[PDB]
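The chain below stands alone, shown as structure tokens; this is the form deposited in one PDB entry.
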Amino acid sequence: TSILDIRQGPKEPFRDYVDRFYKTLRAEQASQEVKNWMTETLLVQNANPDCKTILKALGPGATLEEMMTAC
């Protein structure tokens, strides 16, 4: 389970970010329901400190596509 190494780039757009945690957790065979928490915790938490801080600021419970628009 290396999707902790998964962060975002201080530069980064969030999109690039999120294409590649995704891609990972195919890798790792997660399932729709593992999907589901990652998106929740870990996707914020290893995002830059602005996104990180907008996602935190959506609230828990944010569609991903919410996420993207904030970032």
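Numbering follows the first chain given and starts at 1. Rigid core: the largest C-alpha set superposing within 1.5 Å between the two forms. What changes on going to the form deposited in another entry:
In the core-superposed comparison between the two forms, the C-alpha atom of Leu42 has shifted by less than 2 angstroms.
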Given for the second form:
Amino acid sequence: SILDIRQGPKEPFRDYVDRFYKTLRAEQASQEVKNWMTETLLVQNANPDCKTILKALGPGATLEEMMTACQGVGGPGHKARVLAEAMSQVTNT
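Having seen the form deposited in one PDB entry, I'd like the form deposited in another entry now, please.
Next comes a single chain, given without company.
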């Protein structure tokens, strides 16, 4: 079931997408439901960091935008960026 495809804490987002769509191509649902799955279920089953970024992208983001947005998750640049964002929020408050 597509509902069982969940992104691991350190799984690259592109591999998660690969598994998700391999299971999706076999799911017995209409193209409307499958569109909802690529739009909402894909984001909901991502790991916390990727899910935060995707949520920040807002509705209507294309698959390519999502894959680009989560490319660096788990790396030093991502950690430093989150820390910088937190520092910025404490400063702005």
